[PDB]
Amino acid sequence: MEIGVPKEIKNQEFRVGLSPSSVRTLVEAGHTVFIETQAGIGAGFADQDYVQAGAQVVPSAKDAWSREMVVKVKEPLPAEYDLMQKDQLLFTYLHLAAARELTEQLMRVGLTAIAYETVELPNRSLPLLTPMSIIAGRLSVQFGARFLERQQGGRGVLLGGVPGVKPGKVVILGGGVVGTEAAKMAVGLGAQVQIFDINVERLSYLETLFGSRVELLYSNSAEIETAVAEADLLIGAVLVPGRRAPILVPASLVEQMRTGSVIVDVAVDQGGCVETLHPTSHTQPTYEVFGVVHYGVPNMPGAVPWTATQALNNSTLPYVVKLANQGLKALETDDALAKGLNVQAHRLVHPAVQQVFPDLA
Amino acid sequence: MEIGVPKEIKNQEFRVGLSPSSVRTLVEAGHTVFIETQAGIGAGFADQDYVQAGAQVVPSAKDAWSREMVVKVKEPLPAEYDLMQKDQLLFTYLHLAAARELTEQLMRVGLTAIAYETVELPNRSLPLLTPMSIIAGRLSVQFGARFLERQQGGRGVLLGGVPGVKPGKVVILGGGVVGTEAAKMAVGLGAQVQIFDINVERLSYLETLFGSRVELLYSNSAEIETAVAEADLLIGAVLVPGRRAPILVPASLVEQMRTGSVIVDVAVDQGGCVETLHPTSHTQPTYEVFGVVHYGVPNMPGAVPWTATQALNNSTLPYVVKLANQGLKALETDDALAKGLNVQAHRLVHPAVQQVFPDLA
Amino acid sequence: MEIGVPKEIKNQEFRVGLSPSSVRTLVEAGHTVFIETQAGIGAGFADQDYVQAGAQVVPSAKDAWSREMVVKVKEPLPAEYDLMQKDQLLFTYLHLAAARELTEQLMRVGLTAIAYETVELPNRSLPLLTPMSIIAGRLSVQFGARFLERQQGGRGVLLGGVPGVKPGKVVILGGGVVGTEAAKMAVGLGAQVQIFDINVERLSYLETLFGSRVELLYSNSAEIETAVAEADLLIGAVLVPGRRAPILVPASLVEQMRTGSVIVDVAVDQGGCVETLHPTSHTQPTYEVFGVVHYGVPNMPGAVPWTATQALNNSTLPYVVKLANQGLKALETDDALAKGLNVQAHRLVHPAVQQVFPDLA
Amino acid sequence: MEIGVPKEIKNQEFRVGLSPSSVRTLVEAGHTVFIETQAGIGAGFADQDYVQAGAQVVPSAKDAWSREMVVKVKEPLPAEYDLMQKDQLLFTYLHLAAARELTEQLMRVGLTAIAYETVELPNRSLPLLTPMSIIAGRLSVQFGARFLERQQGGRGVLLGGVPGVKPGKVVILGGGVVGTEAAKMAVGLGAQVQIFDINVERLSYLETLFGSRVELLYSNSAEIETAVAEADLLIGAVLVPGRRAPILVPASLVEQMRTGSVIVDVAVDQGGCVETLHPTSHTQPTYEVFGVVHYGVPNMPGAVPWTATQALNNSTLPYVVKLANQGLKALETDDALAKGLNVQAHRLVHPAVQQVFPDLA
Amino acid sequence: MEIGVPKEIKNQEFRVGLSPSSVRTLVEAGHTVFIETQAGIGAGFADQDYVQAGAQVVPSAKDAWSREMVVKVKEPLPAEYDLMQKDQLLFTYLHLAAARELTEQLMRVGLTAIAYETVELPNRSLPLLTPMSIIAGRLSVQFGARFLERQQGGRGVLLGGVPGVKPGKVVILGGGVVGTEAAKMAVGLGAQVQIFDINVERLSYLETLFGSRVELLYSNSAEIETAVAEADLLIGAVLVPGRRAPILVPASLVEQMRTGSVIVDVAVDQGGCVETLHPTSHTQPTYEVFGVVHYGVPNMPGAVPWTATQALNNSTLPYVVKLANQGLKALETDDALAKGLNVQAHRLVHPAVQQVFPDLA
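Protein chains in written order, with the authors' numbering: chain F, 1 to 361; chain S, 1 to 361; chain U, 1 to 361; chain X, 1 to 361; chain R, 1 to 361.
So here's chain F without its partners, still in its complex pose:
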């Protein structure tokens, strides 16, 4: 099949739909791939690398959008609305329940659009999101460390301390994937770490990973208050993929934290468990509330496009190939794919999205 990859045009998006290794793999299965010049460049992949792999490098986005399957990272933007075609297959992150216009737009055109974020397994795991959740957990600690530096605005604490001096204290709210990758990094820098969770079984599993090196605590208001008051770095890791999280950290609690302490909430764009935290821009990543530093820049994984592109591809790849081979039948061979289907022939097919635009259905 013909597959195109346009360059991402969203602001600060440097990742790319397919890496050179994926392309090569796709080419070995017959398919032919067209990639817009410079598409791979922000992720560290030159056109040359795409050529060695068997890709035809195209000079314009129009030449990349004109194919049967377009494989991207972000949702299409208005600027590209006119490049889309009637019978395409579109495979990327869509987040339709948040873009009425985009949703209508794909409906008018009539292609079939598959969202990475809704392809779901029998377990209800979202295999195409996890890779990004892992990266975000790991980055949270890297950003946190940076903002604890005095020049960056923090109190000036080294997480690991030095023999004879207290290490930094990291408090993590949420013991899932994100919270666990975060703990790995903090423990790696030598910090003292506490993780809270409401699931004891999860707490039990974590002990098999960390032994007694980390404090594993049940999330109850009383313990949270004490812990939080003593933290140098507070990490919100309750990323329950639908509705906002209950506030575990109220502004009153935040007033009780030390000056130059830092908060990072992985769930910022969706809604976090920290009352005072809201999204910020790249230009002004942080703000203070009570002398406590808030970092609210979203899409953490976008900071490491080289790593992030491959991680995503390792997971999307088997799906891309299934689609290129079977075209639309794969939706009737693959249940998870079937679940990724959001729009087709002018119809809104995704039950969850229908619920949001109940009148679009």
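FYI, nobody ran anything at the bench for these hints, they're computed from the structure.
Hints are not guaranteed to be accurate.
Each pair may be met inside one copy or between any two copies, as identical chains are not told apart.
In silico SDA-like cross-links for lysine to any residue, where the CA-CA straight-line distance does not exceed 25 Å [to be verified]:
{"#": "1", "residue 1": "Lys86", "residue 2": "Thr333"}
{"#": "2", "residue 1": "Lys74", "residue 2": "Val200"}
{"#": "3", "residue 1": "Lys184", "residue 2": "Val304"}
{"#": "4", "residue 1": "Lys184", "residue 2": "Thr37"}
{"#": "5", "residue 1": "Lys322", "residue 2": "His31"}
{"#": "6", "residue 1": "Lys339", "residue 2": "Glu201"}
{"#": "7", "residue 1": "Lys184", "residue 2": "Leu216"}
{"#": "8", "residue 1": "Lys339", "residue 2": "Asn199"}
{"#": "9", "residue 1": "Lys74", "residue 2": "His31"}
{"#": "10", "residue 1": "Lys184", "residue 2": "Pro167"}
{"#": "11", "residue 1": "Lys184", "residue 2": "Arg146"}
Assemble chains S, U, X and R onto chain F, guided by the hints.
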């Protein structure tokens, strides 16, 4: 004895001569301490904290310089030349072999000046520098990680990678204190690590710390070239405390590195083992040469003043107390202290400094 | 019930159907056991040991084959065809889809034959094969190390290296049971290790076992090529228990490997992922192709009969007892046993074997 | 030479001068050994075991004291004063600077007495004490855990906690041998551990043992107060082998501890760093002060005589053999032995003991 | 809803139905809580702590039993029979199949009684027992160590030994939750450890926890005999929650153990795998049989009420809240709760209990 602590006035210096715990300790031994208001603030110590400890908080630097012993972090600056007095004891980092004027200035006045950096043990270890060298080793990796982020200018690599994706490669030149603290952090973030050193015995000792988790290699030109060419993060850790280091990394080698790779050299202010690296300012911390990012901001420990002040104090403290108790006799009870003596009664006493200003002697 | 154990007569087979501890256990449940003299000897079990346990030691194979249940390790050989009886229960490794004659032979006679290798659980795990797969994974590294010695034909590399010298690189294709036991050993000797697998979830689980000590990579052609080209020891561990494996390592790739490198493929007898590798004999275990050493001797576990016999017994034992107690009814109490049934009363009952000799059905 | 071993008669002393393995070794070198019946029994060594080894088992202490060399664990008691002889060599723990009468007594008689505790190396290490110091460090945590049980009087805390529940906090004052063996055990039970010491170099070495699993803190009044106030188990491990320790823990500090907390001070018999702690008896091992449980039973190693006897012997053995071979000349071949000499021919030879009984000299 | 918590009156029971953190949580959901004075005291919770949390502290048990829901730890005792009321909800450990009278008694009264021990998940896991099983596993080693001390009656062995001396040997029968928590502690003290189990898959999982640090052995009579004969500490951990365990350790085996060895069987009250072990009292915790020390005191977790109360609450809490919110409907929303139901309106509803008092049904 009366001891004063003025606020550091050097640009971007946030550390303070004595922390509250030191003060308290000093007070319990009879001595009385005077600290200029806000002196502790950049390090996270409010005046109140100094009061609980037994310090008298003074409103002006003049009130802090007027004592028998002044305890500081950095060298005195011209602005303070007129606050110094004839029979003081001055204890701080001086680095006289680099400041002719300062040196003359202390000579005119006639106090006795003891440099933290020359107090040396029979082993020739410099007990008052080590604490900062440890912190600098640990920070090198924290800075390096930050500059590998795409928005910061790097290729966009997560050091630890994710299962299924390659981790970052960190190459460390020098297996001493700095290089070893750096490896600890890199290994902690999940990176693949290589350390080079010319001392096999040192390599042998490192294996007792890391087992087979890190590659321990003999420093020879041939291996260095290969390693370096493949690095995402190159760390210069040859901090031989006198003369500049031989260039282990020539510009030609640097041209061979990947674009978006990062170099950090802990020995920048003194002279590093990387040809192309020179000091930079806080305002413009990095620059590119061959698409390779260079970070040249000196005094790494200044980023974590809270941690750095205590670490320094844990080491200087026993000396400060000896001086406050015995005054000038301690130099004749303590050999290491004796070695810290640089200037006294208008005379340049330090052999190494005499060698530099041979006509000042 | 009466249970016999004949001595294994296949060439180079030193294991035995039941160890002394199993016998004792069987005896405590009423059953009586007959074992041919010297049957246990290649595995390190003298007849005396069988006597203390309650076994009756028999002087001939005929005296051991004449019982209601015969428990063995390998398939019966022509030489023994005439010792078999009409209503026996035979429990051993059969591999019928590869022995037309054996299959016919058991059909003529009319006993019921249960194959260790087809007794399968609801998960489709083959509980009676796993023990051997674990041993084979562990041995692969032990053999590999031996063939890397110069006198054995390899380049002369110590896997662990020594401080200051590069360790050996081990590349493992397949992240399942075999590949994972192999990594354990290689990491144990100090080698640098990479594991490739197509299942990310499997890669994720492996990180919980190894942390960041091993490189966990997605199997794609591009990465495989690079890795393989740099390997000292290449281990094929794709042992998909039915059909041959896709060639992951083509002869062209092998021509690119260093001279004195070694390849071991655990799937040799069934068909491996390395093009150039074919079975060899004990007498001439290895051969060279492109200066690259190939080890092709099958049945790795046969090298450690003492360990291998107990491991097998720990797993077969509960089945042997069920059969001795309930006779043929156990097949209607035990689904897994039911699945092990291959031949009974002149009928070929195993669906998979029928598929191979569709005219035998 | 003839060597005797009497049974220890001190109350609650179950150890014995030589184990069976030592005896055997001594016998193989020519020497002949006489041991009083039941001498080994409290340590788990029956007379039979002594016989197999080559010892002659004697029915009375008189038969054991009558030899050229007597090897014991404790000091001789009045009851045995009359069994001693004029030219014996006595080798045991003496602690003369605390027993005027014993000292005079050995002077009257005229034997040469060598104290285990003063045999000292060029480093001033006391090789024959260390073994007991290691055991005491390990036991401190075992006793501490027991007294934290509610029925034993403590608050009812499990040191390791369980996932979801806080672990116990153990605070250790002193980072030497004792303090380090104690930390090993506490970390082993899953506790949260802090160690304080005044030597940073020692703190640095400890990090090579524990990594970031334990908090390594500089001993200053301020930090001690906070730590101590939060402890479940406080362990005093400043066992400076001459004079009493400075009080690190004043009664005022103890009033600030939680009820049901426990204190153990390894230096009780000599004088500890905890104000309120004094020796207690086996019959009433503990007492409360402020609701805080105090354990003051001395000679911790006496609780594990089997382990303690061998540990001691492994160290004394080479000395016992040197003495049996060279008799009194060994003191002029061995400097450390020379230093162990306390009394000889009616003369008090030990400089330290002379200082205490300056008129005995 | 109104919730009461009476003080536990059973002998040596110091735990309490709800901790202060639970109370607070319950109060934040509307409910109001009444706790008898001193109820929390044996667990380390003063009334004051209950007040801060929102509890009303009541002066009598009658004031605590008079509520709609009573939350306790142990079964009601005759002394309280008259405090119970007709429409209460009772939630505690009941163990009815062992108390005919209690059972009848709850039947007369007519409340609904829910047993912690029968609330069961689809897996048949008993979520409200596990917390206690974990604690008991950990304590087994702490008690064992204590009884190996000479004064306590054991041979005088330190589990960890010291370099140069043999460590203690711990043999654990049963590889489940209890046996695994026990191994964690023993390994933590430095002991040599063997675990036996009949499930190889379980043995396989344990290797992922311990690597090669522990010996993982299949439970067969022959190996058990040898192991046991060499043990210093034998731990019975076959706690199959219904019927007694098969005797793995017969008196004959016990006669073969060393004198001063210790046995602890976690399953004592229910019936253990050690023939000679029977329950003992607090007053006389142990007894000897063949010179081998037996510890038979039941309810190990009662020794650490502070830890044990929170652990239990972390698990019961979500159930208590569901009951307080939905009252009796929760039994028809929650299957696990439904399974906890034992008695209601004069009827014996629990199938297992009916089987025991078949005439009560």
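How the hints compare with the structure:
When the C-alpha separation of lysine 86 and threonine 333 is checked against a cutoff of 25 Å, the pair qualifies only within one copy, where the shortest distance is 23 Å, while the shortest distance between copies is 48 Å. Only between protomers do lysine 74 and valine 200 lie at most 25 Å apart by alpha-carbon distance; the minimum there is 23 Å, versus 36 Å within a single protomer. With identical chains, the CA atoms of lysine 184 and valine 304 are at most 25 Å apart both within one copy (18 Å) and between copies (22 Å). In this assembly of identical chains, the alpha carbons of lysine 184 and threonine 37 never lie at most 25 Å apart, being 38 Å within a copy and 41 Å across copies at closest.
Taking the closest pair of Cα atoms, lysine 322 and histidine 31 come within 25 Å of each other only inside a single copy of the chain (11 Å); across copies the shortest separation is 55 Å, beyond that limit. With identical chains, the CA atoms of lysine 339 and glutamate 201 are at most 25 Å apart between copies only, with a shortest distance of 20 Å across copies and 29 Å within one. Within a single copy, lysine 184 and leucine 216 get their C-alpha atoms as close as 13 Å, and across copies as close as 17 Å, so both meet the 25 Å cut-off. Taking CA atoms no more than 25 Å apart as the test, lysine 339 paired with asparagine 199 passes between copies only; the shortest distance there is 21 Å, against 28 Å inside one copy.
For a Cα distance limit of 25 Å, the shortest separation of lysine 74 from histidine 31 inside one copy, 23 Å, qualifies, whereas the shortest one across copies, 48 Å, does not. Within a single copy, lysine 184 and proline 167 get their C-alpha atoms as close as 16 Å, and across copies as close as 15 Å, so both meet the 25 Å cut-off. Both within a single protomer and between protomers do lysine 184 and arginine 146 lie at most 25 Å apart by alpha-carbon distance, with minima of 17 Å and 18 Å respectively.
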